[PDB]
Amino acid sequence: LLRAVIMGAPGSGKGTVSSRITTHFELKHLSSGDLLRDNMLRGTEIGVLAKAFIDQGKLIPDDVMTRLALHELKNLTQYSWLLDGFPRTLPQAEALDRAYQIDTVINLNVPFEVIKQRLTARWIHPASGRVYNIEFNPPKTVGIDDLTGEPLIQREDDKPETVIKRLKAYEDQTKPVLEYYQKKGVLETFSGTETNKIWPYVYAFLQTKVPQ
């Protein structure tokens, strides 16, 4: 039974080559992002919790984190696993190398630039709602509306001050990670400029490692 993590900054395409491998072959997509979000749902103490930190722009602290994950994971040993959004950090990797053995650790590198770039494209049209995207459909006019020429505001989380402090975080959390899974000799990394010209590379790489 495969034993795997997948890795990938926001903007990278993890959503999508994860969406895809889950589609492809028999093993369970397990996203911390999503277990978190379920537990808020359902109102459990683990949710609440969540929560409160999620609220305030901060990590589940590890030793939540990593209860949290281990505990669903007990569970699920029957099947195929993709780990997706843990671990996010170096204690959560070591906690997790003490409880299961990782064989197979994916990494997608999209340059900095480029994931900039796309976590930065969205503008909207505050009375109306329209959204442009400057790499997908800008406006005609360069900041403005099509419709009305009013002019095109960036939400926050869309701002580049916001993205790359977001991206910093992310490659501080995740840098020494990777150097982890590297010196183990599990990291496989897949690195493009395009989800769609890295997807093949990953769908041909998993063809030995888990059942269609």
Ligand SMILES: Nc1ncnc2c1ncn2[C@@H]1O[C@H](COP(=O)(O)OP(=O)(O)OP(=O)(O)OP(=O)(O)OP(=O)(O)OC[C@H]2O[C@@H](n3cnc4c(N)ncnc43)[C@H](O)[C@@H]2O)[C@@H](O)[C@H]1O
The other form holds:
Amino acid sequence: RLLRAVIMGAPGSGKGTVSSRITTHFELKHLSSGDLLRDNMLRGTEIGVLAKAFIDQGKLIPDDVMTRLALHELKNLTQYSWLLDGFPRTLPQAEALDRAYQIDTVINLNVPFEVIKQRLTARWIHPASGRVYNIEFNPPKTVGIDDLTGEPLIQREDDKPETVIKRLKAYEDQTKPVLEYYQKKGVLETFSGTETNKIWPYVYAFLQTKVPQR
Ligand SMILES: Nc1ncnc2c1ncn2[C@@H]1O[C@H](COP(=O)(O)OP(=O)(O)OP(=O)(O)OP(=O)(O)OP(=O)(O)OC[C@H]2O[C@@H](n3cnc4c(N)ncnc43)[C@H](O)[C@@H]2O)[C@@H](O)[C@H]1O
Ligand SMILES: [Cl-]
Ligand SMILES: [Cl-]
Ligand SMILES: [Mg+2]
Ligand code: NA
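Cool, the form deposited without this ligand is there; where's the form deposited with this ligand bound?
Every chain and every other molecule in the complex is listed next, the one we just looked at coming first.
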């Protein structure tokens, strides 16, 4: 029985690392919606040029366009086990996928909002030199100040708390209905924690019962 699986998780939850580890350790194809969109944009395909019109303006791909593109790639993977990552992002996408393929497993990484917010707002920059500081992993010697010059550090707009809060709220509004949909279908498996390396062993053990290791 070939795996039909989806992985879900907020930005900063560790979903990217967990997906990368699943792909290393198990014999399956990783289908990332972002990677698929970027490949089409790079090649200038008809759907890549349309996708770039939205992405360049900070907009989601319309549901109908995104579903079209994902289903077209899935046609080429039907002899393999797969893991969907980034699709479905919205309830209409999940409903359209349900009319195309039986999805047997959905993994959700449940990491607290405050943990993700701190991760996503940790980066500070010294603009003139480009030096990067991360208050969790590489803090400056003096708070808010560059180590070599004593000049102020700044945050880039995408890393400021105001921007991150709007990003997380949009994600939740889009994907909470998808999580509830899969819970109703009986296929949702939730992994809760605050550290990726503490969550991974449990995801690994769960998948060992479902798809061959490489
Ligand atoms: N289905 C769809 N429908 C409509 N439109 C769609 C669509 N799919 C895509 N699009 C559109 O196209 C665009 C595609 O972009 P998108 O698909 O959202 O980006 P991505 O690069 O493919 O996302 P990844 O899954 O690879 O996550 P990541 O590893 O980079 O980490 P993260 O950023 O979460 O987190 C980064 C921060 O978290 C921290 N962090 C990450 N991992 C850890 C960890 N394990 N432990 C501690 N901290 C961590 C990092 O330090 C960092 O600060 C979208 O914006 C959208 O507009
Ligand atoms: Cl992540
Ligand atoms: Cl950083
Ligand atoms: Mg990735
Ligand atoms: Na340092």
